[PDB]
Amino acid sequence: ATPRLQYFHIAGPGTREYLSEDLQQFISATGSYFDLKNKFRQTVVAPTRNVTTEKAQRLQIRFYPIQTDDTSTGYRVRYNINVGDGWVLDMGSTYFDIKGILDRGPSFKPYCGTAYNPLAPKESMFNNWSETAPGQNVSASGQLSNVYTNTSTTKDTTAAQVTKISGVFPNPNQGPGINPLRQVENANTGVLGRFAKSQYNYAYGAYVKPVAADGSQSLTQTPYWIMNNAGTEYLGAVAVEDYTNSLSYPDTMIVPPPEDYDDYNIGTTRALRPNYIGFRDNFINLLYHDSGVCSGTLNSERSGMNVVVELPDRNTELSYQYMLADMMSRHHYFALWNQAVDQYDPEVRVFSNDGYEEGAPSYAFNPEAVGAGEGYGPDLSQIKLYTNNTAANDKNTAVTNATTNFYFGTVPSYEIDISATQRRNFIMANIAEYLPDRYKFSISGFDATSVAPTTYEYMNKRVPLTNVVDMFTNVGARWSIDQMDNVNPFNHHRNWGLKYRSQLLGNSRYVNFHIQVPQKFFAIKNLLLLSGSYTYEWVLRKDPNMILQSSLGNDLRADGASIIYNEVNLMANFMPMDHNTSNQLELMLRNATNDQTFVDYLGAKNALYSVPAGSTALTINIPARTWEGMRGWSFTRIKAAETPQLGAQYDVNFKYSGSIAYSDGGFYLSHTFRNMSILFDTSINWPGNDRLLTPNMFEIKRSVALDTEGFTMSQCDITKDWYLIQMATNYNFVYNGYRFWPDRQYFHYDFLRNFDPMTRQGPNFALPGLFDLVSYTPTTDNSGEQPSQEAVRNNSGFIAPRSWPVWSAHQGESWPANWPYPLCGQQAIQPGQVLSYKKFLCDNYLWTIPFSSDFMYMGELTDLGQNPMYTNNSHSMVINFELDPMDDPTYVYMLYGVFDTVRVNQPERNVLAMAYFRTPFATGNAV
Amino acid sequence: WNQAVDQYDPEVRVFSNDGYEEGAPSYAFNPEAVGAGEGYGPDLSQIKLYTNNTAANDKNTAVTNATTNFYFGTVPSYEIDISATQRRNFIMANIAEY
Amino acid sequence: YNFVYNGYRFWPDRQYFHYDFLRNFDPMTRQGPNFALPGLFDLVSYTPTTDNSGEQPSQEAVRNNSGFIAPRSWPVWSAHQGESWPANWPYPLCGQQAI
Amino acid sequence: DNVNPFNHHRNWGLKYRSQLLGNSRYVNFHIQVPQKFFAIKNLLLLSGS
Amino acid sequence: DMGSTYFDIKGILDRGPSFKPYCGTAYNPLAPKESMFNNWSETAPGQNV
Amino acid sequence: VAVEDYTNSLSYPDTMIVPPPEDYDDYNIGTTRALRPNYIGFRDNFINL
Amino acid sequence: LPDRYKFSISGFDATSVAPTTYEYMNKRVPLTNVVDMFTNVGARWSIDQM
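Chains as they are written, first to last, in the authors' numbering: chain A, 11 to 937; chain B, 347 to 444; chain C, 741 to 839; chain D, 495 to 543; chain E, 100 to 148; chain F, 248 to 296; chain G, 445 to 494.
Simulated from the structure, these hints should not be mistaken for laboratory data. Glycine is no exception: its CB is placed at the ideal position from the N, C-alpha and C atoms. There may be inaccurate statements among the hints.
On the chain B side, residues computed to face chain A include the following (Cβ under 10 Å) [to be verified]: (1) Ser-372; (2) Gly-383; (3) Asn-398; (4) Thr-407; (5) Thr-414; (6) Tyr-417; (7) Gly-419; (8) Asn-440.
Full structure from sequences and hints, please.
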């Protein structure tokens with residue numbers, strides 16, 4: 011409070027108490043148009059007393075396990091958090107510092123495409139050399155680039171280069187080195203090259219590990235002479251290296267032609283499917299949460315009873331996902347808690363087929379501007395240039411030696427439309443490659459039942475059908491491919507969150523990971539422990555499918571993935587606040603009238619109801635209950651293959667490593683709910699007041715083709731009833747008018763941000779014309795040939811055959827396309843020959859129904875949750891579903907509305923007691 | 347409410363002519379790596395391969411039958427500047443068209 | 741962000757600042773081959789010859805995109821030349837044939 | 495500069511609006527059009543006919 | 100309020116020859132990097148050409 | 248044939264010649280590349296003005 | 445890339461012009477192997493030379 015500081019308002023009183031009172035009224039009055047409040051400084055002074063100890067105190071304490079007890083399924087660690095008096099510990103700052111060794115398995119490509127000769131054409135060959143015995147029957151094809159301007163008819167100019175052949179001198183990188191190739195003479199140039207003796211001659215992805223520090227892929231180089239039909243004339247030399255055993259094709263696969271074409275055709279080489287095997291969002295599935303058989307244990311010393319009890323019907327991971335997404339936007343990337351949300355490519359899921367950016371005719375010209383590619387026109391290779399006679403208007407003088415090139419026509423070029431070429435490459439690799447297995451076929455060397463359908467090389471060696479999706483697939487419609495509307499979009503190499511999460515571990519599969527995992531159990535997520543000695547043990551998963559997330563969802567255990575935890579230490583930060591006040595703080599927190607209370611953010615009992623493949627309906631009957639504070643219902647359906655056994659130490663039937671929609675918020679099956687009904691008693695419908703347009707059921711969607719009375723809103727098949735339910739729940743205003751609500755777009759799990767209605771038209775088949783020339787059923791035979799796909803004849807001569815795998819070389823001839831019936835234009839099909847396909851996708855939403863009498867949010871403890879007709883009187887509801895029938899077993903992830911709270915009471919030193927209470931479902935059993 | 351505001355492309359209205367992304371000379375090669383497009387240099391179509399003699403530094407033995415093509419020079423290719431191509435197609439189909 | 745003892749968390753309230761911590765703090769990780777081993781010859785050279793000539797023959801040891809780009813000793817923006825060849829430099833850090 | 499920039503195929507709003515109806519020129523459209531007149535845009539009508 | 104006071108500066112700026120406002124070139128940009136614009140090399144008109 | 252003398256009337260603005268090495272200086276002209284894109288605008292907030 | 449990872453183009457020579465000049469930066473092509481497609485092919489990794 012020095013007067014020198016006070017004069018400049020650095021440690022002075024403050025603006026409100028030193029300015030003239032009239033001035034404060036003036037600046038406030040004229041504060042909306044003439045702001046003067048920034049011209050009078052004010053400084054906020056720190057407490058500077060009774061807030062921090064001078065005692066030598068550790069600011070950040072590392073806790074290392076007393077006991078470990080490693081096992082094959084989990085990795086337990088037992089800590090002992092000693093909090094002295096005057097110390098106050100927040101478990102919000104507690105986390106597990108985990109460092110170990112991570113093997114992400116060979117099924118891990120951190121990059122699309124290949125790294126070896128990426129610019130090489132797929133069906134290229136690296137200077138072939140195929141022989142039976144050295145010097146015996148030999149076949150060889152390659153470019154001979156290097157020149158040495160030899161004087162021929164003798165060995166001296168050639169043998170000099172041959173003596174250099176044995177080294178790296180052939181040097182495949184260097185070529186002719188002459189820019190005008192026209193200037194070189196055929197008899198005074200010399201020929202050099204370097205050929206490879208190997209099996210599987212493919213330039214694309216060809217890798218031969220070096221043996222010396224200067225290129226030198228091989229140590230033995232037998233030289234061969236090049237001579238014309240006569241042996242007298244010396245023409246060139248050849249270097250040959252044996253790559254039969256030294257050659258490999260990492261991150262690439264051979265796509266052979268069909269079995270009838272296996273001979274006299276080597277097919278093409280394609281890079282393996284990119285796969286990212288990084289950790290999951292927020293380190294989900296890394297601690298044994300939600301498991302009552304292998305839970306953690308936090309308890310004090312005086313009170314030996316464990317205060318961390320976990321139920322198999324709660325969801326710790328998903329609750330954190332919802333809590334964090336409401337706390338902040340999910341597009342923020344926080345690498346500490348590995349906070350990278352699972353996000354697909356919006357251009358890939360809802361495939362807005364807008365054709366392609368049709369531009370001017372674009373060509374690829376010669377390296378020079380002179381040539382005769384497809385040399386139509388007169389030869390002009392033997393012409394003679396004569397000087398003109400301006401008086402006689404004719405030739406007068408012949409030029410002595412006119413060395414002229416002088417070809418005919420424009421620059422020889424090959425035409426490409428990149429905007430269409432890249433469009434099909436985008437469609438057929440970011441969309442086609444992720445089709446379901448039922449729309450794929452083997453590659454003429456692969457056989458089913460040899461490996462499980464959840465392995466990496468199974469997914470690589472099954473090319474999708476080329477007509478189920480292509481450039482013509484609903485050419486003008488923003489339409490998510492209905493063939494993959496039920497395919498997990500987060501299992502995609504464009505999943506930027508997982509893409510970031512995998513690259514935080516490195517580009518190799520041998521990762522010495524060091525990570526920090528937050529505590530997520532709601533009772534101890536933000537617990538503020540007072541003085542005392544606490545022991546807090548927790549067990550960590552070792553399942554590669556659980557702890558690691560693939561971008562393909564393959565079985566990581568079957569792909570050799572594994573993890574070893576070396577050190578798992580517990581970090582805690584302690585405020586160095588004055589012991590005279592922290593004991594006061596801990597004493598006003600030991601007082602029972604003011605003790606910590608924590609709720610699970612999800613607030614939902616979690617029940618998974620099996621729905622088999624062919625089934626389309628599900629009945630959820632429940633025993634008699636009081637529903638004393640129920641919040642409502644939330645439900646989506648999750649594939650059983652993507653959902654682990656609940657409360658399982660180690661799930662053996664779980665052979666999937668993509669995005670577990672149960673654990674995280676990666677919901678993608680909010681569609682495929684036709685309708686649902688609620689009956690609290692055997693026959694008492696919950697709405698039961700003619701609230702809805704269909705009072706006895708929650709008709710989520712109805713087909714617009716069969717629609718007669720309407721009941722479809724937002725230009726899709728969702729119903730008026732269901733649309734009102736969602737907007738009323740999330741946004742609290744439907745009776746004042748439907749509107750968009752930008753205040754909740756950040757939430758990443760609300761309705762409007764991801765409710766995507768789409769519409770296409772499609773030709774009406776089963777008509778005299780309109781033959782539906784696209785086959786969706788593969789022949790599921792060993793050969794990589796699908797003749798049923800050869801009826802589309804689009805891009806006929808410019809793409810690979812439709813029966814062939816897509817990534818094979820093009821062949822055919824230009825031919826009028828026949829398949830895509832023009833739905834628009836002046837040559838369009840008849841208006842009676844078209845249909846409508848109103849549809850909607852809604853990802854990451856998890857449909858909610860509030861247990862509120864007007865469906866509008868009016869408090870966490872809803873309108874009817876305290877209505878003493880349910881609270882006082884027992885009821886046993888039955889919930890009836892009908893769903894779009896899928897082809898694989900799925901659950902129906904039904905989330906009720908529960909008030910799962912904890913009252914943490916710490917009456918004495920190191921006496922810790924937690925009381926758990928859940929209002930509708932207090933017993934927490936299997937329902 | 348069919349709420350989708352009319353959005354002109356800002357890169358189209360105010361044409362910020364930043365040229366094009368000039369990289370290395372881009373080349374489109376033959377489907378194979380072997381070809382004789384613009385067949386400059388010696389033909390090498392009727393050649394015969396001879397085994398070497400290390401001691402004599404010369405030809406010693408002819409190969410029985412060498413089915414080889416052995417074209418001259420680098421891999422035949424056509425040069426295309428993708429970035430300039432896209433820039434012009436963008437201009438003509440987005441600015442010149444309208 | 742004035743809160744560390746209650747737990748490390750992302751703070752979206754300061755991501756506009758253009759000079760705060762979490763906006764521009766970018767951790768990254770790579771693995772790389774371990775050279776100074778019997779194999780793994782480190783076929784990339786980082787020291788140019790520093791001569792008047794426009795040739796760097798020490799760069800000719802990567803043999804990747806052999807017949808499809810300019811020679812590695814040549815300036816990058818020269819015409820492509822060479823012959824197709826299996827690449828040797830980039831040691832596979834992943835996949836079946838990973839080191 | 496004096497040509498309507500919203501009459502462009504890169505009109506993302508218009509592209510979305512046209513794609514909401516389908517890929518054909520033959521549309522069995524079903525839409526919900528709001529009321530915009532200010533007197534009755536937000537009028538709270540009491541009981542009555 | 101000197102918050103509104105600024106300097107209305109106008110003058111002649113020469114940014115120098117070291118100024119390319121655009122990546123790439125503007126003259127035959129689609130031309131291949133090593134092409135020739137229809138060569139004609141001679142010693143004298145009608146001589147060695 | 249039409250021949251025009253551009254010996255002194257021709258220039259290569261915004262482009263530079265990237266010649267091959269001296270071992271390839273003859274019998275090869277290499278390629279040409281545009282100069283590095285350089286923007287010489289003023290600084291942010293007219294800093295250092 | 446830094447000047448220490450570049451070289452002259454067989455026509456340009458150092459010490460002829462200041463290193464802080466434009467045509468010095470133009471006429472110094474960088475080394476092609478220090479940064480290329482294969483440079484940490486799977487890693488989100490800022491180039492340690494940059």
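Taking the hints in turn, this is what the structure says about them:
1. A distance limit of 10 Å between C-beta atoms decides the matter here; for B/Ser-372 the minimum to chain A is near 8 Å, and the interface restraint holds.
2. Look at B/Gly-383: its Cβ gets to within about 6 Å of chain A, closer than 10 Å, so that hint holds up.
3. Taking 10 Å as the C-beta contact cut-off toward chain A, the hint placing B/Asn-398 at the interface holds, the least distance being around 5 Å.
4. Because the closest C-beta pair between B/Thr-407 and chain A is about 7 Å apart, less than 10 Å, the hint holds.
5. Taken as an interface hint, B/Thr-414 checks out: its beta carbon lies about 5 Å from the nearest beta carbon of chain A, inside 10 Å.
6. Among the interface hints, the one on B/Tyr-417 holds; its C-beta lies about 6 Å from the nearest C-beta in chain A, closer than the 10 Å criterion.
7. A hinted interface residue such as B/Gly-419 counts as satisfied when its beta carbon comes closer than 10 Å to some beta carbon of chain A; here the least separation is about 5 Å, so the hint holds.
8. For B/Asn-440, the shortest C-beta to C-beta distance to chain A is roughly 8 Å, which falls under 10 Å, so the interface hint holds.
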